[PDB]
Amino acid sequence: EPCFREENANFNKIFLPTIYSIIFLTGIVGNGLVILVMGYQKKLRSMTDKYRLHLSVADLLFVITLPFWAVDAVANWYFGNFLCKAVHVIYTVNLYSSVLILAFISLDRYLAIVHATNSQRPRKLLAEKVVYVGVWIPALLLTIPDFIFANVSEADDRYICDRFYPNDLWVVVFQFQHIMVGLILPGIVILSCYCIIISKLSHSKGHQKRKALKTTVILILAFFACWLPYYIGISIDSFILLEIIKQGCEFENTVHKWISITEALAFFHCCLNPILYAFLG
Amino acid sequence: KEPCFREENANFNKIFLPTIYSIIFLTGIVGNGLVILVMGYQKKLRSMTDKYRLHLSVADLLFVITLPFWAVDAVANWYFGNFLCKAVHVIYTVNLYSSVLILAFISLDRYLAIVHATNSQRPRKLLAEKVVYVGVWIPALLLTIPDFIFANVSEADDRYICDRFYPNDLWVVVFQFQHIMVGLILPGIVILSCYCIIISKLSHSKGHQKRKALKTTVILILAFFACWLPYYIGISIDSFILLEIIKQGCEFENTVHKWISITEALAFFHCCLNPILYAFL
Amino acid sequence: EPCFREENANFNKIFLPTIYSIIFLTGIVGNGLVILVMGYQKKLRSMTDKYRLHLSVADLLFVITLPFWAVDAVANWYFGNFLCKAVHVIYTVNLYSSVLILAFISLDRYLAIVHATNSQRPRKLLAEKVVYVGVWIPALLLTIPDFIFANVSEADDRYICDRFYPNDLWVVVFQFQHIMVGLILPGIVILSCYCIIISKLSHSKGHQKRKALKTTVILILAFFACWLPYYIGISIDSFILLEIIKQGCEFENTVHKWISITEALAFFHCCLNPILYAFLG
Amino acid sequence: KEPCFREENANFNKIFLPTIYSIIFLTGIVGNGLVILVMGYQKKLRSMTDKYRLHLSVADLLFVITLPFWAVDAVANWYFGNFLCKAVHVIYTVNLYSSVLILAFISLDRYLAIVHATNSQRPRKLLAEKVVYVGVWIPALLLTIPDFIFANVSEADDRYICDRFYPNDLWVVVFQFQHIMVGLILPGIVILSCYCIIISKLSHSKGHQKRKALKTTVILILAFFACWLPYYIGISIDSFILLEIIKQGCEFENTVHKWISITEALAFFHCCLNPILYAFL
Amino acid sequence: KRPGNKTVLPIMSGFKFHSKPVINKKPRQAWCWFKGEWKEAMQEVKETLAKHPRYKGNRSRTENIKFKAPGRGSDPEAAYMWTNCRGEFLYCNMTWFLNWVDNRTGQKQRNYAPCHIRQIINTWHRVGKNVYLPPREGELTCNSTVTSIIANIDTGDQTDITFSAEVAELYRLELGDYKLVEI
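Chains as they are written, first to last, in the authors' numbering: chain S, 26 to 306; chain O, 25 to 305; chain M, 26 to 306; chain N, 25 to 305; chain T, 295 to 477.
Because the hints were derived from the structure by calculation, they are not lab data.
There's no promise every hint is true.
To be verified - Label pairs and their computed distance ranges (CB to CB): (1) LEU61(M) / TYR157(O): 28 to 36 Å; (2) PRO163(N) / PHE199(M): 46 to 54 Å; (3) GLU268(O) / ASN106(M): 57 to 65 Å; (4) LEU301(O) / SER229(M): 38 to 46 Å.
Said to hold, decoys possible - Which residues of chain S face chain T? A few of them, derived with a C-beta cut under 10 Å, are: (5) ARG30; (6) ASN106; (7) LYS110; (8) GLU153; (9) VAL156; (10) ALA175; (11) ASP181; (12) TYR184; (13) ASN192; (14) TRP195.
To be verified - With a Cα cut of at most 35 Å, we get these calculated DSBU-like pairs of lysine-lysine: (15) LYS473(T) / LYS271(N); (16) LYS25(N) / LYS333(T); (17) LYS271(S) / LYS314(T); (18) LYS149(N) / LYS282(S); (19) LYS38(S) / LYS225(N).
Note that CB positions come from ideal geometry on N, CA and C, so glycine has one too.
Construct all of the structure, not just a fragment, from the sequences and the given hints.
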């Protein structure tokens, strides 16, 4: 057993950028139509729309750089290190800010249905000014370890734009805090406030109206069911990389093929706003 | 006369089982917590079937405590003692029997509701409250005792697996057959006999709108059986392979083991759908 | 090549009984519910329903005996010669008569839409007297060769219940006549029927009214969609048994595995009458 | 060095190509014959976009009669002459081009219909009658002079494959380069431009009832682009394999060949969906 | 050849495409393979001993002529190997190779010897010991051709060829035919 050897299957390199191209086309057309009907024209109905426009513009800034990931999926680069820095920091900021905004809309609905009487000004100021310090600034300060540590490197026979940490301990602690900021803690906040939302809804079955929480509910469930196996796969990569559950090189590259396919399938979070706007759901 | 032909190649399965266990874990904990917080915590029962759904929710709650332990047993091998291994397996048994017994109970409820709708109203409340607990809960607890006696943790090459173990093959034969009989054949005959009597008595009715509530129950039982069924045929074949009816298929037996793991993965979906059928109407 | 060989692949040895069992139970449940609500109660309304009774009866006498194939897919046919003869003749009569009455309902809708005035007694003629002589009589006289040639065989270890012929050209004579009476000439008859149906329905776009054709349209489309890959598979097997498309042994083994999985998929054609009845579609 | 080395061809492709070809041939013949008979022969036009749907239907006829020749070219190779191989290739190219050009024309049609709703009431009939034939049919035929010339049948080990051939691979890759550009990007950019303008100009309307007719057009274009996108990425990557860009994956090159064959099959749903959109609304 | 820490591409550790090298747990453990037709050479040695006129044993048989190691509790240089492999001193147990040559059934027979490094060696010329540095990391390989044998041959009921650590006997072999004379 010399070491772990890198051998990617050929079906990865052809099923992968087709998925990137599909999500690129639908993302460009969907985010373009959404921003031109909403942000350029100011046709707002509720405070949720501004939150989803912030989500859509972070999603749009993702889908400029998405074909560079498509190029990396099949081939090797010739552009430079600066574009690799830009694509990695834009990946991290959209991946963080998306679930951040999806937490803010959940607490917005919690403020909407529970404190229905004594909350009109806090909703307005939260949707007006507080999300700029709540969304982008923590996310962009989370991009600084990507901005001052990541680099390109040559695996001799090819060019790779990916992450390079000083040790594997850095890798596991960075993914661990990544899981804590991406799935767990916003998940606890979102699901707890939804428990409170349905608890207060149970006290008001005599007047229904509404039928408007279903859009936010299908958004959060679509996002989480989209993003879950990627987190599961990188947690398995974490557990073998922290050498508790060592099994061999075949499990390592099986995990690597798994995480590649699950991140490719998990990037459908770009195509979750505008198809639900078109379906009005 | 090869005894076991021991292999390891389940690398795709060793990652496919934890992600499905995790998604069932998350959707079960949210669905069960919300449905008990609406039904049992603040008494929102409108029909007598809601008490049955409450008890099924309690059972699925108890199962979604132990799903992360099943995930750790899927990825790694068991680490936390024979008592906890017995606990995991014994609540696995109480779910796998209590679900089918309580769905036979809702079958009896709907049958008595549609057939004897005039002379039987107080016995409907009697079966809704009194005999239901001793009907579903304690027979499963009577059935739990071979799980407490025989299942434990064993000795392997730094694994300590948590499975069920027997002195020889005869106990494997008798307990897997008695499991498949009490899981399939008596609930199956009672569900089909009762449902055909219901729809035979509905033919004399002039297409009344009291079968609207029948729709949720029938889609519940059919989704439940479509969940639990390929596992039942797979374990029927895995019980049928013993006593040397087929002995040539050792690789076929390993394929049966892989398919029985995948059909456990498919057949644990029944805890998800019980609050999903409250998320839809 | 040294020789040829027989080999079933290991995956379908467990996969075929699962499909066989699920279609067995949904077939017996759906067909039993249909006959109990319709034939015993005499609660039918239109003339299509009697053909649906005939479909249910033929489907029953296929599907109760389908577990013998579920056993013999993996195990050995130690049942008997007469049982193999009986299951083969009833498989062939239920493969023929379903297509026959599916052509008959297309003829019935053809007679319904264009001859709406000058035919009332022909409806009860073709639904009462013509059915016995034009459905079951041809489907019994086409099933003399599997009454008179069918036998069991112990070929080396395996007790085989399978259609056995004196030479190879009888097989392709059966297969060519089988596709031409099972798909082709009902194809042209049904296609002409619905072509004239929509051509004269277009004359009365101002009076749409009923739209009861949609049930039969979904039935014919689903039936042909289920049965078409079986027909192209047996056509390819006929073409390789005319030795015009020769490539090698393993190609014909993959053809054999394709035949197994497409017959398993074509057995879905059972539960199309009762599922569409339950949907009222 | 490394030669072409493509002497490995498939078997599962050779089984699965004809069945998708046959289901698409049956549904194209049936649905397109029905739509031609109900609309073009009997002159049952109510709207004006339906004429463009007739032209798309005519292109679908020109694909679906020649489709079983593609089926026997999949299972066998050509036994029917260089002239008919030229015929099938030229009619394949003209239907493939005419479909996307008539969708670009219906794109421009909805753009002029809703944007110029005041003055374009005679120009819409002008582009209905006069300029459409020289718009779609003439360019599609005049671009196929290379499809007339380069198409032939070539001798082999008694195969006679029906394939087009070029003086070098440079002519091949410039042929798929022009194919990809005027097959996807220019109709795609005009479709996306006029459609984003039409959404931006419908935003000035207060959700009228003229937006109830766009949904058929948008599901038409999105279904068409979703079906033809993976073949477009496949031909892009296969062209980028040549002219010395990606010279590493020769095993990846013939898996690209397998994938490009199966997605060339799966891109043929465009002829199915034109009567499917009339099965729905 | 003594292996060291197995390596991979340098650093290359990140979120994706991360590898873990193999450390050397025993820096002192080495390996030494002796190649060639060894048993044919040793039976030629037995035939030469039977050819020798000063051999007092039975020259008609060579099976009684056996190659034996000295007993335990003896010198590390006389029981195990002592040789220099690029600044480091190899000590290899001669159980497996001596059993593989002599075909002593019932024991472990292999064509190599399990080796351990020693920084502390004896002195073959003077009286003393020498202590060296800890061994260098990385790959340590050596290659040479075996040309002669240091041993002692006892003549009795059986012929026990006992190997010795007489390092000076190699130079006495190489310079025994030459003798300095003064004209």
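Each hint, compared with the structure:
no.: 1; hint: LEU61(M) / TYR157(O): 28 to 36 Å; in the structure: 34 Å, holds
no.: 2; hint: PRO163(N) / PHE199(M): 46 to 54 Å; in the structure: 51 Å, holds
no.: 3; hint: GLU268(O) / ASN106(M): 57 to 65 Å; in the structure: 26 Å, violated
no.: 4; hint: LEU301(O) / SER229(M): 38 to 46 Å; in the structure: 43 Å, holds
no.: 5; hint: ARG30; in the structure: 8 Å, holds
no.: 6; hint: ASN106; in the structure: 14 Å, violated
no.: 7; hint: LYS110; in the structure: 14 Å, violated
no.: 8; hint: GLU153; in the structure: 36 Å, violated
no.: 9; hint: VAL156; in the structure: 28 Å, violated
no.: 10; hint: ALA175; in the structure: 8 Å, holds
no.: 11; hint: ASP181; in the structure: 7 Å, holds
no.: 12; hint: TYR184; in the structure: 13 Å, violated
no.: 13; hint: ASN192; in the structure: 6 Å, holds
no.: 14; hint: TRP195; in the structure: 8 Å, holds
no.: 15; hint: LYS473(T) / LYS271(N); in the structure: 70 Å, violated
no.: 16; hint: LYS25(N) / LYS333(T); in the structure: 46 Å, violated
no.: 17; hint: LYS271(S) / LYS314(T); in the structure: 12 Å, holds
no.: 18; hint: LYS149(N) / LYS282(S); in the structure: 56 Å, violated
no.: 19; hint: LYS38(S) / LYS225(N); in the structure: 41 Å, violated
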